[PDB]
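J.: What follows is each chain in one-letter form.
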Amino acid sequence: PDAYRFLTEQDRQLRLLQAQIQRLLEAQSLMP
Amino acid sequence: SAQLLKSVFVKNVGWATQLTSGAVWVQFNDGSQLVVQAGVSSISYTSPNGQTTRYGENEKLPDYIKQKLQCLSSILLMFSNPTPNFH
Ligand SMILES: [Cl-]
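Sequence order for the protein chains is A and B. Each residue of the first sequence is one higher than the one before, starting from 7 at the first, in this note's numbering. Each residue of the second sequence is one higher than the one before, starting from 65 at the first, in this note's numbering.
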């Protein structure tokens with residue numbers, strides 16, 4: 007993989023993780 | 065193949081490790097092991113007794129796993145590069 011395209015996509019994948027867990031924590035507030 | 069990319073330590077919590085694939089592997093100081101990945105809606109949590117349990121998007125989790133996820137969201141701050149992007 008390229009240096010720019012790798013490092014940008016890894017920090018992009020990390021941002022998506024934070025948000026996914028944030029939805030999940032909210033989803034749990036509605037459950038069950 | 066998913067290689068280990070960056071490893072971080074959190075006192076008095078444990079160690080978190082970012083993998084190439086977009087995964088995050090936390091190994092808590094209580095014997096617990098949370099695994100989480102971007103794109104994947106499921107979360108795998110291993111407990112001190114050694115049992116590994118996968119949990120889907122719409123499965124009610126116990127507080128002990130929710131607390132470790134809260135904590136994992138805070139550990140995710142330590143792999144973030146704050147340098148501004150240009151070009
Ligand atoms: Cl680790």
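Hints are supplied without guarantee of correctness; some may be wrong.
[Claimed, not checked] Restricting the straight-line Cα-Cα distance to at most 20 angstroms, the calculated cross-link-like pairs of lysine to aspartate or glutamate (DMTMM-like) are:
1) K124/B with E32/A
2) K75/B with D94/B
3) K70/B with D17/A
4) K70/B with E32/A
5) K70/B with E123/B
Hints were generated in silico from the structure; no laboratory data involved.
J.: Next step is simple, just say for each hint if it's right about the structure.
T.: The hints, checked one at a time:
no., hint, verdict
1, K124/B with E32/A, "holds (12 angstroms)"
2, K75/B with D94/B, "holds (12 angstroms)"
3, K70/B with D17/A, "holds (12 angstroms)"
4, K70/B with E32/A, "violated (28 angstroms)"
5, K70/B with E123/B, "violated (30 angstroms)"
Checked against the numbered hints given earlier, this structure breaks hints 4 and 5; the rest are met.
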